[PDB]
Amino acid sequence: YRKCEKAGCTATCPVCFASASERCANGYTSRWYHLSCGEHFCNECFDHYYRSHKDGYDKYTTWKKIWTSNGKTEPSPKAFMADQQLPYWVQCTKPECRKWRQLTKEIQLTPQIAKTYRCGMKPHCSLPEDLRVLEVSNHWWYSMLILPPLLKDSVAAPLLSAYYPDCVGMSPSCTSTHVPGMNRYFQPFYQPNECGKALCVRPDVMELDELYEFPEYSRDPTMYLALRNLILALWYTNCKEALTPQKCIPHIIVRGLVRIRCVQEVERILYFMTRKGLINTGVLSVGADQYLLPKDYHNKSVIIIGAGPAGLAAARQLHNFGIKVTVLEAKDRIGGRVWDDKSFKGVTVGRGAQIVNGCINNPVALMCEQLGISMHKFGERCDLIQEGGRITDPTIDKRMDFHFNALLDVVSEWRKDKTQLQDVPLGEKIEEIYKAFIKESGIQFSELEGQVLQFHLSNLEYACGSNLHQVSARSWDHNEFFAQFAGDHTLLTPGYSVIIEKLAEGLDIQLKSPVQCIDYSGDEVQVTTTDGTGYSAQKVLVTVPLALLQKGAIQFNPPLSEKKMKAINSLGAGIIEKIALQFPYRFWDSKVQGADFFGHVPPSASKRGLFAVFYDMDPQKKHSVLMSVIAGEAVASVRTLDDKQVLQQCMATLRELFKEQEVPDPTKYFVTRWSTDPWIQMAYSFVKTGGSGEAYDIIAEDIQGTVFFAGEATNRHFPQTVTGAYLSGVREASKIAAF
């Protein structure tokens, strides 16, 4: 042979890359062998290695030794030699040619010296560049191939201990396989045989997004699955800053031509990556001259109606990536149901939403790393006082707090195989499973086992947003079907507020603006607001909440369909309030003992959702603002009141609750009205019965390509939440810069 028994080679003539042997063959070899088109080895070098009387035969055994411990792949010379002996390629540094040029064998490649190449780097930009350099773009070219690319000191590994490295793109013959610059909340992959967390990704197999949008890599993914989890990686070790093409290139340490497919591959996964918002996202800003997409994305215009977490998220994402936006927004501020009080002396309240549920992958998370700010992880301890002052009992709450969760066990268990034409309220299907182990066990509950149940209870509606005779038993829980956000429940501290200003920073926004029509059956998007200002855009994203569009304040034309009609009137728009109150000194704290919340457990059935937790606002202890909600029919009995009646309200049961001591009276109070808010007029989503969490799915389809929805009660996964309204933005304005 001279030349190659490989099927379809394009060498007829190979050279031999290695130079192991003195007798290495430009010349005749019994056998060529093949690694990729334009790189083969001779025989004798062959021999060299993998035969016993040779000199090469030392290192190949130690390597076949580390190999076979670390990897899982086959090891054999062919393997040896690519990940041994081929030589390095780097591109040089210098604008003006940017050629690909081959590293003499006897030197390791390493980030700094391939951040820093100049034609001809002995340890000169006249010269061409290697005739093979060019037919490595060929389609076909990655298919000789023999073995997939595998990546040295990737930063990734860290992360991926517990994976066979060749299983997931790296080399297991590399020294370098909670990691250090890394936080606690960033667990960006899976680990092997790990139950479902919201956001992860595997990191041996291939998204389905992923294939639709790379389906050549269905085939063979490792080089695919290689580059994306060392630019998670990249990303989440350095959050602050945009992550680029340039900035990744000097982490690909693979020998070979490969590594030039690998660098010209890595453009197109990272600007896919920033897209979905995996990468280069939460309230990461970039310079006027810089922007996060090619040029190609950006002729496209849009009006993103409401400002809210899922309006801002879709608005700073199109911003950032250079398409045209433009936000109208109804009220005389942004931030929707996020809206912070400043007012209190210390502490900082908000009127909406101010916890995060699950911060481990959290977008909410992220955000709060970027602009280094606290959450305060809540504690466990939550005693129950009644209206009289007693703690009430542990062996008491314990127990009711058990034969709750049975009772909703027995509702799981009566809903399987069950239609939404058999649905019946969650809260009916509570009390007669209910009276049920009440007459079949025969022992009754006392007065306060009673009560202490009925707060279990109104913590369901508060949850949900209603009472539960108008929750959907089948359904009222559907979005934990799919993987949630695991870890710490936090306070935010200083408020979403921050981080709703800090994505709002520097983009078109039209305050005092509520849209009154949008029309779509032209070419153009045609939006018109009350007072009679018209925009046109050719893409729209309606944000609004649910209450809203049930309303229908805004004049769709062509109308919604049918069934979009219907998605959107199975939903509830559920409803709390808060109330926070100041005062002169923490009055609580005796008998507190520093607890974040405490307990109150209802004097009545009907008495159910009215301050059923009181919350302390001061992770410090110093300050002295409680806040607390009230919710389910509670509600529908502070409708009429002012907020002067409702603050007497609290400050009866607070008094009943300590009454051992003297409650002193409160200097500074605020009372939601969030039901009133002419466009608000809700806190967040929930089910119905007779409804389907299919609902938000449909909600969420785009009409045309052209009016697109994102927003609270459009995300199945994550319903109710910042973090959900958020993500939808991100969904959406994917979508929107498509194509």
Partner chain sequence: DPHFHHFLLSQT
Given for the second form:
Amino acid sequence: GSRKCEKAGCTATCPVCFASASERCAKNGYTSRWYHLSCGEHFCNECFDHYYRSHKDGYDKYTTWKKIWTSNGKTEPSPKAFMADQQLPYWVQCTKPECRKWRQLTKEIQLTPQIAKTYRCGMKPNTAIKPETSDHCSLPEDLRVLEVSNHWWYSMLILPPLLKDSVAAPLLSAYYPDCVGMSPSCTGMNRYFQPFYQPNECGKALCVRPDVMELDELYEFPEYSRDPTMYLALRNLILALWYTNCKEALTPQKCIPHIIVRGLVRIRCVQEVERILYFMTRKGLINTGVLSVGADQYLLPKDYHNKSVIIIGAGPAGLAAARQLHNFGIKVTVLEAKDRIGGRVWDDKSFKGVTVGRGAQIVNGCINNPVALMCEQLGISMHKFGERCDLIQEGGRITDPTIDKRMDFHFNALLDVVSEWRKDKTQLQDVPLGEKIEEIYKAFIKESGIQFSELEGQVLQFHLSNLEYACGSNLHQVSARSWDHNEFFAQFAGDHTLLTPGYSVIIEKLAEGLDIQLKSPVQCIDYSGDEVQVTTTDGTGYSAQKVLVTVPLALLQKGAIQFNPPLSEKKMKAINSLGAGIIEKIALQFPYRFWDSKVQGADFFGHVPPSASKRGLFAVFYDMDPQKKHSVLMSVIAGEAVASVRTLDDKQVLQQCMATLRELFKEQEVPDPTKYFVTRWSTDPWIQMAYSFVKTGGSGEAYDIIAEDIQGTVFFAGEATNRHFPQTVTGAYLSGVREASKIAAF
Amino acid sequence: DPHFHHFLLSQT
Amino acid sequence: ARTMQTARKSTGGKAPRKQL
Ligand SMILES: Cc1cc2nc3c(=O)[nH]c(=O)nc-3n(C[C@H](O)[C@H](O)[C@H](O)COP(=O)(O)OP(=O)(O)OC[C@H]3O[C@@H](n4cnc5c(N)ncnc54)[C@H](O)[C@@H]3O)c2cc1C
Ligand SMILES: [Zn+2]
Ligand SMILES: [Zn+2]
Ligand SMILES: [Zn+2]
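Condition change, the form solved without the partner chain to the form solved in complex with the partner chain:
Every chain and every other molecule in the complex is listed next, the one we just looked at coming first.
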């Protein structure tokens, strides 16, 4: 006999049994012991025995469940665990907008998504009796509901909730379900969506542990750091639903019917799911990409809306941040120097049946790549590059396998020793990658003296040139220490693809509906007053509480924008420690596909260089039609070769490319090209570059330093502010998403 | 271990 | 950076593969 809960601090003054299993159930009365599940939920010792004791009628149900539990879950099976999983009644919320009260469902009703979707106060099964005229919504809500939102309610919930039939479950079978907030007694998505880490997996980009909270999740929800189970389950559920339907804004309304767990804790679960949703939204994990809203249904609570920002530059970073902030409900104006949007995304659509980027067009690693997500949203297909790239010599001969394999081995071995050499070196000891490679190569011929043929030397030149393409620089200017610094962080895994409709489709959709001022080069930014004043080159003024600069590295280096107060000497040192790399592209349309015989379907072919100085002159040719019907080749100018080309006119560059193509296909006539372009990014005044790299003496840390906001007022995005993902449209886009989150919080 | 962390959830 | 390479990716010089 007792009317008191076993649990010190429990706020229940009148414990009732929710089980009502035993014929001798204490109900609201006396029992030898009241078992505490939560502050609103207890069960009597008679019902405990009903399930727990061998001679009692519920022992069969308990032991059946217990065996299942023991071979699925990691957590000890208990009568409490049992009660919470199997016997605790369900709570559901009334669907009427003017009511919205929480109601307990009778002990035998199982909650389903459909019931949650449609429930109304006092809903009974079909009946032939005329319904009473009563109004069930005016019935008073159980007093225990109020208590759930108190911070202390959760601290007195004995066992964390465990979701049933979570959309996230299929993706997480490798884990103990209870360890990721899923019930151990349970049980056509885009192949580029792999949001959850798996056991023994290597690091991959934009991946979360389903069983561990990320740093920012700890920061935002410190009350779940000791007990992450409920948070994890909901976050995992939220990511599962977003990727399941990335074409719509994911809302608490659509998450609710998918939260299925017994007891008052379900109320707490749906309360939290809302906050976790907005957090994941602000951070750019969901409700992002090219999703639009459009026209008055913003993605963050009104609390965020009263604030204004100016974004400088309408490239991928600028538009990503602008898209996010606009979607949040924030006021956004964008100022762009040129007479078009896109920056280093600029597509030529004038070729027959094909789109050719003058700038970016490849996606490097589509797994969890926001470009892949955005293609999904737009219904865009991407062409996965095949592996084969034959090294064709002037003139005509395909480099033999054993020669190819051999020199590949040797080129990569030189990189191995660069890696060995740099291990304990400081910035002051850095040397150019090109110089270091030469140094090791020379000592290699010396120490072993294994002369390579002229051709073997040239094949090696092809690999060196491929590095110059990657860095946008002659190797003599790239840091041996830091050239591949980003690979410290998990990188984008899986396919490289050609973005067949071009990045401009994504660029255009991101910009759709935004206030963008073209031909408005910013000349000065003053963040001395109460808000920032930004002035264009013609004197036009704009003002906002915040400003985001996304202009290219080369323009920061030139100092084309005056900052008042000036940027720190530390920022400037970072800015000048990075290289503004450059490549250029040529694209060529022909009457017919003359390479088809020798190339045989490959997406690209390589060009063995005749000499070191020319190694960057069209090292690789790209077949710009995956369907293999049209006839367009693209190629790249890199390294020492871009300098060799700046005083040449388009016709000359074209003649050299044709000279090359004719050498590569000497076993035939090659038709003249009927259309072409040659890019001049190097001398485009507002761009002046292709992509950043680390100069000798420099550090990956420069990316972080450039990314550092100033006084929570001046923000920075762009490919040269992304340490994990430098250079790319994806890195630039992600840097904009990064900044929009920082700006929305401040 | 900073190698594995999600880029968007490690902005501290 | 090495991550920009598509055709003929280099492979040498990489830190020891990291697992969970
Ligand atoms: C030839 C080439 C090939 C490439 N290939 C690829 C590839 O295959 N894959 C890949 O992912 N990436 C590729 N890129 C890289 C890529 O396109 C960039 O990394 C990406 O576009 C960067 O975006 P961003 O917003 O940081 O800068 P940007 O695209 O350069 O946008 C910057 C904007 O700021 C504007 N600006 C400058 N000054 C001002 C000012 N004072 N006021 C207002 N606006 C200003 C610019 O005009 C520009 O529109 C390639 C680039 C080049 C040039
Ligand atoms: Zn009882
Ligand atoms: Zn109690
Ligand atoms: Zn109601």
